[PDB]
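Have a look below at one chain only, the form deposited in one PDB entry, in C-alpha cells format.
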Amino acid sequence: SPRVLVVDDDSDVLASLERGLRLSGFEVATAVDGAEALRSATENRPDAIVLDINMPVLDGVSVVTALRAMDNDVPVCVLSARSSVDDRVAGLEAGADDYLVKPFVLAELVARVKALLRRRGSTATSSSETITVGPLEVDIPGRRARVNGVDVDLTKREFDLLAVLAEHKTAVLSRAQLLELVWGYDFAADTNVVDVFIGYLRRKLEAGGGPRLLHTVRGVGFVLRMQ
C-alpha cells in the first residue's frame, strides 16, 4: 500500500528491486533514468523513492535537486556503488534523506524504506517556540534556522536533525538515538548517515564564522550547545 518508485538504469537491479519490494508489501513503480523518475514522480506521487545516483539522461543528484527545487519533500533513499562516495554525498547534500551502498541485502532497503515513511514530513519534537542556542535560532514549526539573523539553508533531513538536537538542546544524543528520532530507524544499522549529516549541518552552522555550536562527544554522541 505505500507506493515506492524505484529508479535504476541497471535493468537486472531494477527488476530485482521491483520484485523484492512488491513481495515485501509495497506497490512499486519503476523508472530507468532520472527523466522517467521525474515523470513517474510527477504523474503518480510516490510515498517514497529509491533512487540510483549514477544514471544516463538525468542522474540521481539532478533528480533530487529537481524535486527539492519544486518543494517536493517526498522521502528519497539514494543508492550508489561502494566506490562512488564523493558523489552519493552529493545526493545527500542536494537533499536525499538516506543512502544505501550497493551491493546490499534487500532487508536493508525495506527497513530504510519503512523508516523513510515513519519520518516523511517529520520531527519527533514538541516545542512550539523558537529555540535559541547562542546566535542560532531554530524555529521548528516554521522550519527555519537562523544564525545571527541570517537564514541557514538546510535540506529537509539536515533540518530534522538540527530540530531534534535543538528540542534536546544541551543534551548529548548518540548516533543510535539520532537514527531512531531523526531517521525513524527501528533496527541496528551499519551506516554513517548520522555522521555525514552532522558534518553538513556543522559546516552550514559555522559558515558565518564564529562559535562551534554542534559538538561531537567522541564515543558518546552529539550535542548542540553554545561554547
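For the two forms, the rigid core is made up of the largest set of C-alpha atoms that agree within 1.5 Å on superposition. Only residues modelled in both forms are compared. Residue numbers count along the first chain shown, from 1. What changes on going to the form deposited in another entry:
- The residue among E93, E137, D87, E108 whose Cα moves by 2 angstroms or more between these two forms, once the core is superposed, is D87.
- For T125, the Cα coordinates differ by 2 angstroms or more between these two forms after the core has been superposed.
- Taken over residues common to both forms, the rigid core alignment between these two forms yields 80-88, 121-125 as runs of three or more consecutive residues whose Cα atoms shift by 2 Å or more.
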Given for the second form:
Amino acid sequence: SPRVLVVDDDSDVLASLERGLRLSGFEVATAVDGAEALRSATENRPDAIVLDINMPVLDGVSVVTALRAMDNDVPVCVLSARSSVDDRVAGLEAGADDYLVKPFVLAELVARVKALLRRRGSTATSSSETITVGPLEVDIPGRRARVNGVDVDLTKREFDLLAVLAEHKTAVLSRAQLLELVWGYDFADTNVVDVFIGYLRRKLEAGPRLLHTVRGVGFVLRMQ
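Switch from the form deposited in one PDB entry to the form deposited in another entry and give that structure.
Left out here are the partners and the other molecules; the chain alone remains.
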C-alpha cells in the first residue's frame, strides 16, 4: 500500500485521518508537528504527505519550505485556508502540490491523495527539449524556465503546469484537462488550477503576457 504521512497538531483530527486513510487502503504514518513530520519523512520516505499548516514547533509552510529547500519533491497536499486578506494559500506558494480546506469529507482527501500518487508514479516522458514562447524558454527535461535569459523561480507543481502548457504551446487546455494531466485527478470542484495559473502569470510577467485565460474555454501559453 502507498505510504502516506499525515501531519496535524490536533490529535483528534490526526487519529480520524489515520483511521480513514488506513481503511481506504493506505499505509499511514503520523506526526504531531512539523519537526516530527521532517523526522518521519526522513526515517520512512512516504509516497505522499498530508500536511496541516498551523502547528507548534515547526508549522506547515515551514515544513514545505524545508522539504523543497532540501530538494525533496515528495508530493504534499496541505490542509489550509484562503487568507481573508489576501486570498493567499498558505503552503501552495511555498511548494505544496494541492490543498484542502477544513472541514472536509474524507472522500475529498482520498481523491487528492490518489491523484498525488498517480502523478508521482507517472513515468511518461516527452520528446520535448527546450520550448520557446516569445521571450520564454522552457527546458522540459532540465526543469528550468527563463524569460529573456533570466531564471524564473518556480515550484515543482508550477513548473509541472508550465511544462504541460508549453508541451501544448498555443493550445487551450481546459481546467479539467489540466486537473487530469498536471494534478493526476481522475474525478472535482477545486480552484487549484486557477490559483496556480495566477502564480505563473505573476512570475512570468514580473514582460508581454504569455499565459492567457480564456473564460469558459481554458488556458493557453502563447506569445501575445
